[PDB]
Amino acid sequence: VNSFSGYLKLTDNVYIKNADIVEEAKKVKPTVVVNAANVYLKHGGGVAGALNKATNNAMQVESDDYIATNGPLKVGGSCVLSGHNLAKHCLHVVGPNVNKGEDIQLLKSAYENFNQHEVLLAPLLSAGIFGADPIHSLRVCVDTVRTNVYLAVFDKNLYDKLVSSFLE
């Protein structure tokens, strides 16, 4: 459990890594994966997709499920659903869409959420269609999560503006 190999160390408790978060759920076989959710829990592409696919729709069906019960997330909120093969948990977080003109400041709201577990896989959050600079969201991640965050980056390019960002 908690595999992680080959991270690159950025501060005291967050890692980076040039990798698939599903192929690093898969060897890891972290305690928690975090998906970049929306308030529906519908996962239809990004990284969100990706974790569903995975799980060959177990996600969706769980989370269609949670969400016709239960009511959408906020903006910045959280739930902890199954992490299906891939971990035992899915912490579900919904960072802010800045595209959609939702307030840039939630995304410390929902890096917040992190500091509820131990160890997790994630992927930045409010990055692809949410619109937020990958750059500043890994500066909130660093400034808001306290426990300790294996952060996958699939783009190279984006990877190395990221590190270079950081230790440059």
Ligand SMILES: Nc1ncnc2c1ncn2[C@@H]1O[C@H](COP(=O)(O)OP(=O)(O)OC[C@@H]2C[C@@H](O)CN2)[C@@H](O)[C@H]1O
Contents of the next structure:
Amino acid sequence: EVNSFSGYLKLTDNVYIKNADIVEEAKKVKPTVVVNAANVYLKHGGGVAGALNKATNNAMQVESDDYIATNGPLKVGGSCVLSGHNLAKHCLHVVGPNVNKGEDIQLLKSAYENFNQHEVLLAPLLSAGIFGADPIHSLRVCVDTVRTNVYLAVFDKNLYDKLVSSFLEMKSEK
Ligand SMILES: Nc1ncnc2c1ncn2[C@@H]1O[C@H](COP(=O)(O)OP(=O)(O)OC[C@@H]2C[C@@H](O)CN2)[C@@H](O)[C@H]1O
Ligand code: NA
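Could you switch over to the form deposited with the named molecule bound, since the one displayed so far is the form deposited without the named molecule?
Expanding to the full complex; the earlier chain stays at the top.
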């Protein structure tokens, strides 16, 4: 019922990847945890964050505003667990560094560390879009940091092929 993932490519024992839209995957799989690539104020404008919020008919944004009002912003590299609304049981909002604003790229390791508190997650590549991190570097940090089962949704077919191709070089390099 829950967590019925299909059609993924196995990269390691715990990291999987698929050329798919993350919202479509969540609707098909009804996962326990879906990952949002967030900013510290939980303002869902564009990217994965906008996609998930629209699919919840803006419920995610209202909940986030309420969370922020009570608790204040997240830290870069931090996370919070909120409702997954109609897409998942829970949504893990993770804030990767915004390299375009000069934030420290090493904090991407902190962001993916949050994945290790959940048995299985559907997730995007953190900081690889609006936040300006290299998608390949984001995959490297994911692969090196996450010990739990992470299912990565990469919607662009050209990016998917480049990531898989670059991953092979990473394994044979050392
Ligand atoms: N709907 C999508 N399904 C699967 N993958 C997606 C989807 N939309 C974007 N992506 C990809 O997921 C990766 C992460 O991109 P973003 O969603 O912009 O995340 P990020 O760079 O951490 O920036 C977070 C900001 C925080 C808010 O301002 C809105 N987005 C990139 O490779 C995107 O091309
Ligand atoms: Na699936």
